[PDB]
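Only one chain is given next, in structure tokens, and it is the form deposited without this ligand.
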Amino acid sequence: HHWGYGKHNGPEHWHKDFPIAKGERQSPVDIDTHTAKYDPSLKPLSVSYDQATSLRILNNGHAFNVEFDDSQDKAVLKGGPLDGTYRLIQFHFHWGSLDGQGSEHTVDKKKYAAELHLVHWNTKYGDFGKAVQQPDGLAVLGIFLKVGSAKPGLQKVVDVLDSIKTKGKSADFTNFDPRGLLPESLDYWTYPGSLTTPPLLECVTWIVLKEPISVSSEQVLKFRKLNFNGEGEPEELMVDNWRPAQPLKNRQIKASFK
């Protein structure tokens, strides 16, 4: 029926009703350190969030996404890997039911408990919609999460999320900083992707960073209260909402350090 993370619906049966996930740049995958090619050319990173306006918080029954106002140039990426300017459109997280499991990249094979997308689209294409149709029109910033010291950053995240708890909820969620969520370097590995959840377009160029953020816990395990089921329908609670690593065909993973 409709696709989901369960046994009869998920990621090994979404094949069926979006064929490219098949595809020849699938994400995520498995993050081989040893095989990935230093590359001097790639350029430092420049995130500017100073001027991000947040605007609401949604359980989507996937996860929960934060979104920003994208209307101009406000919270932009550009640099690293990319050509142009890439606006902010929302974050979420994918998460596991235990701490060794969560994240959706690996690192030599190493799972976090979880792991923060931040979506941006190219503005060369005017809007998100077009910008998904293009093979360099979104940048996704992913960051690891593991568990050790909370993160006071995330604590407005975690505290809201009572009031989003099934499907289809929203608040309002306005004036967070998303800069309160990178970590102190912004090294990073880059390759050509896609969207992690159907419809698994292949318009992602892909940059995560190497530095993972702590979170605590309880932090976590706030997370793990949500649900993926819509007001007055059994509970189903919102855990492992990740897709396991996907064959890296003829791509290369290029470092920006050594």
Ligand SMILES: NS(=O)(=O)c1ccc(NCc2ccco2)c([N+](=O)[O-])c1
Second form
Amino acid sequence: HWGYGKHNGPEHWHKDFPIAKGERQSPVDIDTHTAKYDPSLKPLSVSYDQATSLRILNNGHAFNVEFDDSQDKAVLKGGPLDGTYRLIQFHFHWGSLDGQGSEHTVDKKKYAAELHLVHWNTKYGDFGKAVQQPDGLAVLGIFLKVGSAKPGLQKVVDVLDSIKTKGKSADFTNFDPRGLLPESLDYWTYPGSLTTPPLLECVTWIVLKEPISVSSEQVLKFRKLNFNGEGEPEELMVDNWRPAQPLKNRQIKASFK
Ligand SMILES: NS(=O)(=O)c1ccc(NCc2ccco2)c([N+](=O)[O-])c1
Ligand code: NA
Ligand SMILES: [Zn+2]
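For the form solved in complex with this ligand instead of the form deposited without this ligand, what are the coordinates?
All chains and molecules follow, beginning with the one already shown.
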């Protein structure tokens, strides 16, 4: 099955998932000098006050913080989006060292990690139907650099010991994702895909320009997770990122001048 290693990683995914070579794959490099300001783009409306987190899961690839998406409790709208997109989960991608880990790059710069807040378009009723649509998903991407600690991340860091291996989960109620945002909501946007199999081309990507800072100790704890299950040889969960893919016939738009 797919993963991030030499024999099952991104260079192999196309065999089982031929859309890996498709026309709107993610991530991409954001070439900042050619991303054109679009004055018709609206401010992003992130409404997370009523978010209800439920659980955190090590799925063998990353960890997902899952939300109650049976009502419009945490939603993303505005920006490039038409309608309303409901938060279902967030997760991260990160590196073995601070100089890599992000999926998107900015003028070829790799950040230490990247946070993805995943939302589905409520006009399709359920996530499974949304991922059959070219405008089914909106993913808010936020870069992480290593510096000062992010206070709102520490509750995540501290539960990771309890979900070390694939298939382990823990209660994770009352987590406020507002604590993971940067100050500015300036963004770049483009049409793309999921960055892991099944690589479905359903995503409006919204990538924030301002990184959040996390401490070295915080990211070091991400790197103590395991890809393997309990009682299997230890494979540290590091370098769970897909490299940049060809931009093809797409334009990245900037929300800011
Ligand atoms: N790195 S990402 O934000 O693009 C991403 C990748 C895969 C999946 N899911 C994979 C999957 C299984 C069935 C359909 O879809 C998700 N997600 O679900 O939020 C997000
Ligand atoms: Na452009
Ligand atoms: Zn992701």
